[PDB]
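Peer 1: Chain by chain, the residues run as shown.
There are 4 protein chains.
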Amino acid sequence: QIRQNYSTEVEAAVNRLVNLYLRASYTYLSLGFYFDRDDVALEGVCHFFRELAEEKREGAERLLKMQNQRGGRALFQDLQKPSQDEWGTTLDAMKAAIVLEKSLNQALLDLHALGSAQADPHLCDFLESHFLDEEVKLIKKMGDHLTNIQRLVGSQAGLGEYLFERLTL
Amino acid sequence: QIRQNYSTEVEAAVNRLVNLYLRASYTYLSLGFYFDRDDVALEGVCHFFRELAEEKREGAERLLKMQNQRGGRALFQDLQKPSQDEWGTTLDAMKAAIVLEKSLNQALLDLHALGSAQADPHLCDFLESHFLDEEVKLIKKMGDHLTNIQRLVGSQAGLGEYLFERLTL
Amino acid sequence: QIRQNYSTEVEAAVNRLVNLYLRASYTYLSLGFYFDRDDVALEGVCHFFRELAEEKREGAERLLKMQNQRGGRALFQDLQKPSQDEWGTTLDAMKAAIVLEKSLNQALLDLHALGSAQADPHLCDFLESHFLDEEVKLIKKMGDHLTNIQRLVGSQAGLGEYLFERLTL
Amino acid sequence: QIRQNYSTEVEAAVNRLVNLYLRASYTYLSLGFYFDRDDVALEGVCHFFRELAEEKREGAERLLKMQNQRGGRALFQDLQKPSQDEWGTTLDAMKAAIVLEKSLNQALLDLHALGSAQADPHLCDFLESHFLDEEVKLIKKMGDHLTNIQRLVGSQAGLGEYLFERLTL
Ligand SMILES: [Cl-]
Ligand SMILES: [Cl-]
Ligand SMILES: [Cl-]
Ligand SMILES: [Cl-]
Ligand SMILES: [Fe+3]
Ligand SMILES: [Fe+3]
Ligand SMILES: [Fe+3]
Ligand SMILES: [Fe+3]
Ligand SMILES: [Fe+3]
Ligand SMILES: [Fe+3]
Ligand SMILES: [Fe+3]
Ligand SMILES: [Fe+3]
Ligand SMILES: [Fe+3]
Ligand SMILES: [Fe+3]
Ligand SMILES: [Fe+3]
Ligand SMILES: [Fe+3]
Ligand SMILES: [Fe+3]
Ligand SMILES: [Fe+3]
Ligand SMILES: [Fe+3]
Ligand SMILES: [Fe+3]
Ligand SMILES: [Fe+3]
Ligand SMILES: [Fe+3]
Ligand SMILES: [Fe+3]
Ligand SMILES: [Fe+3]
Ligand SMILES: [Fe+3]
Ligand SMILES: [Fe+3]
Ligand SMILES: [Fe+3]
Ligand SMILES: [Fe+3]
Ligand SMILES: [Fe+3]
Ligand SMILES: [Fe+3]
Ligand SMILES: [Fe+3]
Ligand SMILES: [Fe+3]
Ligand SMILES: [Fe+3]
Ligand SMILES: [Fe+3]
Ligand SMILES: [Fe+3]
Ligand SMILES: [Fe+3]
Ligand SMILES: [Fe+3]
Ligand SMILES: [Fe+3]
Ligand SMILES: [Fe+3]
Ligand SMILES: [Fe+3]
Ligand SMILES: [Fe+3]
Ligand SMILES: [Fe+3]
Ligand SMILES: [Fe+3]
Ligand SMILES: [Fe+3]
Ligand SMILES: [Fe+3]
Ligand SMILES: [Fe+3]
Ligand SMILES: [Fe+3]
Ligand SMILES: [Fe+3]
Ligand SMILES: [Fe+3]
Ligand SMILES: [Fe+3]
Ligand SMILES: [Fe+3]
Ligand SMILES: [Fe+3]
Ligand SMILES: [Fe+3]
Ligand SMILES: [Fe+3]
Ligand SMILES: [Fe+3]
Ligand SMILES: [Fe+3]
Ligand SMILES: [Fe+3]
Ligand SMILES: [Fe+3]
Ligand SMILES: [Fe+3]
Ligand SMILES: [Fe+3]
Ligand SMILES: [Fe+3]
Ligand SMILES: [Fe+3]
Ligand SMILES: [O]
Ligand SMILES: [O]
Ligand SMILES: [O]
Ligand SMILES: [O]
Ligand SMILES: [O]
Ligand SMILES: [O]
Ligand SMILES: [O]
Ligand SMILES: [O]
Ligand SMILES: [O]
Ligand SMILES: [O]
Ligand SMILES: [O]
Ligand SMILES: [O]
Ligand SMILES: [O]
Ligand SMILES: [O]
Ligand SMILES: [O]
Ligand SMILES: [O]
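So the sequences go chain by chain: A, B, C and D. First residue of the first sequence: 4, per the UniProt record's numbering; consecutive thereafter. First residue of the second sequence: 4, per the UniProt record's numbering; consecutive thereafter. First residue of the third sequence: 4, per the UniProt record's numbering; consecutive thereafter. First residue of the fourth sequence: 4, per the UniProt record's numbering; consecutive thereafter.
Hint data in this document are derived by calculation from the structure and do not stem from the laboratory. Careful, some of the hints might be misleading.
Identical chains share a label here; the pair holds if one copy fits it or two copies do between them.
Claimed, not checked - In the BS3-like style, the derived pairs of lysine-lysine whose C-alpha atoms are separated by at most 25 angstroms in a straight line are:
no.	residue 1	residue 2
1	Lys144	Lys68
2	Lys68	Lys98
3	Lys68	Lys143
4	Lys68	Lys105
5	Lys143	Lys98
Please work from the sequences and hints to get the whole structure.
Peer 2: Here it is, written out as structure tokens:
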């Protein structure tokens, strides 16, 4: 058929990466709707996480497309529910988001390493081009948000969270 | 004439609901002008309540129109003056506004129940379509405002009320 | 707070309905990528199911929004993986899609019944307005597709599936 | 001069790759004109292969440009005539086209490997950027075409080839 230079080890890892991105999308959907609760009511934070839910879903879709293009076979698994039901303050959430992104980034790096070992340059380039750069930029932006939240919620935590939501997000 | 499947019990309750919406409109007019006092001076809060005064008056007008359309007879009663002359802080006012809206909502639910009991689907649909959805959305928005006011007026109440008025309303 | 006339029984059922719509979205994502396999290669069928994946996800999002608006609390569960890894012919898939939609429709009808029993007209109207009508139209369209697939794959099944994909989808 | 980190082994392989792409261009020109014969008369298939002849020629031209940019020296060899004079059915041709593309792809992978061994990242990136991705997409598209041709020419081969040409190409 069309499959060429596409190992079963890479195929399986791409399937696992699809699951991790859909899991992340689901986490962001839960973060977003938590900040839209009447008793939380931070619309800018809700909007930030809803946008990330969409981006992670797009990530998954491009991986699946790539899997089909190389002749691998997509296999879906159960998607685990997010690690929490309530996500605390904006500070707590942005910390949980950075931890999540770093674990996706690490999965991307692990797949790139596997691609290198297997001499699969198309895999390596596809990750380089569509995932690694974007993760780095996103992680930087979250770290920046995290620094600003912290400087704000030193004293007067309520006031600080409100101003962050209104003036940054 | 035109009257069909329109009970006297529904007619009377529609008249009472008109009175409650005009009463609410009047309450909002008083809230709005209180926040426009030189010694209160929160223009965004004034504008929010003036807009609600207009919406409640529109509500009353659509009920009256519907009463005429079904062949019932509008009857007006005295409109009671608002429960207060001065409305305290933005926090106090938004609490009084939520209590008001919930009491309108309850009146709408009571009328819907009566409509169901009387087998009056046109009544049920007219409420569904023009009132119940809008009340729910409004109550959510007020609850959100209330949460943000509270998080702001934890410490530094004056500063918090000013920032809410400037950045949310 | 804002919660009014919103039973715990309805809240829980809304949470379960969110899970069913996300489960359906996931099923459609798997149907879509299966038809994009190089060894299946029916782009119109892929596009039809990808669009349904998006619609079901939108469905879930509106339910969550509504849950927040009424003051209920969203709770997410694990999303079960689709019932199959490979979906056979266009005929087999469209049959599996109709069965899925009818099971969503039945869940919507069950929730509407519960809403009626609980005297929750806002719930009843929200379903009426955004879900019941759309499900009916979609089920009709799938039944139409199914009839046309069947008339085509009487004799010359390969030729029939190709023509359906090219001239209908 | 300008030559830096550009091995004679890479230079020679780039020259061989230029020859393979021009050879492929020539094969596609012959495929295209065969389908334009009065006794074959499949215009859409002719147009598909003529477009591929142009793409492969562009491929060769970019390699030559790159050779000049790195300071290597282009050397041309005789271009071998296509492996066949007549190419049979649309099915036979699309099979021969996939085999051709996979042999170009393999040559690209071999050059990338050599580039890696020689620590020549500019070479590796130039291939990544302009050739490897495009080959993968093209091979997927040909595999899709091949699947659709096969499902069509099950029964009624003449009818199937005509419909493919008219509705896909
Ligand atoms: Cl291979
Ligand atoms: Cl009557
Ligand atoms: Cl209640
Ligand atoms: Cl050198
Ligand atoms: Fe909102
Ligand atoms: Fe977006
Ligand atoms: Fe968007
Ligand atoms: Fe958006
Ligand atoms: Fe995006
Ligand atoms: Fe986006
Ligand atoms: Fe992006
Ligand atoms: Fe997008
Ligand atoms: Fe994008
Ligand atoms: Fe594709
Ligand atoms: Fe919880
Ligand atoms: Fe909860
Ligand atoms: Fe690389
Ligand atoms: Fe930045
Ligand atoms: Fe003014
Ligand atoms: Fe207005
Ligand atoms: Fe106005
Ligand atoms: Fe106005
Ligand atoms: Fe209005
Ligand atoms: Fe208005
Ligand atoms: Fe309105
Ligand atoms: Fe108006
Ligand atoms: Fe209006
Ligand atoms: Fe009239
Ligand atoms: Fe007074
Ligand atoms: Fe006074
Ligand atoms: Fe109803
Ligand atoms: Fe809101
Ligand atoms: Fe495609
Ligand atoms: Fe769409
Ligand atoms: Fe779309
Ligand atoms: Fe689309
Ligand atoms: Fe939609
Ligand atoms: Fe859509
Ligand atoms: Fe829709
Ligand atoms: Fe849409
Ligand atoms: Fe829509
Ligand atoms: Fe909202
Ligand atoms: Fe399977
Ligand atoms: Fe499979
Ligand atoms: Fe109803
Ligand atoms: Fe209704
Ligand atoms: Fe139709
Ligand atoms: Fe011609
Ligand atoms: Fe061209
Ligand atoms: Fe051209
Ligand atoms: Fe052209
Ligand atoms: Fe080109
Ligand atoms: Fe071109
Ligand atoms: Fe190109
Ligand atoms: Fe061109
Ligand atoms: Fe080009
Ligand atoms: Fe130059
Ligand atoms: Fe010959
Ligand atoms: Fe000949
Ligand atoms: Fe590389
Ligand atoms: Fe690279
Ligand atoms: Fe394709
Ligand atoms: O909201
Ligand atoms: O978005
Ligand atoms: O996106
Ligand atoms: O994206
Ligand atoms: O004012
Ligand atoms: O207004
Ligand atoms: O209005
Ligand atoms: O309105
Ligand atoms: O595709
Ligand atoms: O779409
Ligand atoms: O949609
Ligand atoms: O929709
Ligand atoms: O032609
Ligand atoms: O072309
Ligand atoms: O091209
Ligand atoms: O190209």
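Peer 1: Hints first: check each against the structure and report whether it holds.
Peer 2: Results for each hint:
no., hint, in the structure
1, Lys144 to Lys68, "between (28 angstroms within a copy, 13 angstroms between copies)"
2, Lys68 to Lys98, "between (31 angstroms within a copy, 23 angstroms between copies)"
3, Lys68 to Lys143, "between (28 angstroms within a copy, 11 angstroms between copies)"
4, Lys68 to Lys105, "both (24 angstroms within a copy, 20 angstroms between copies)"
5, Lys143 to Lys98, "within (13 angstroms within a copy, 28 angstroms between copies)"
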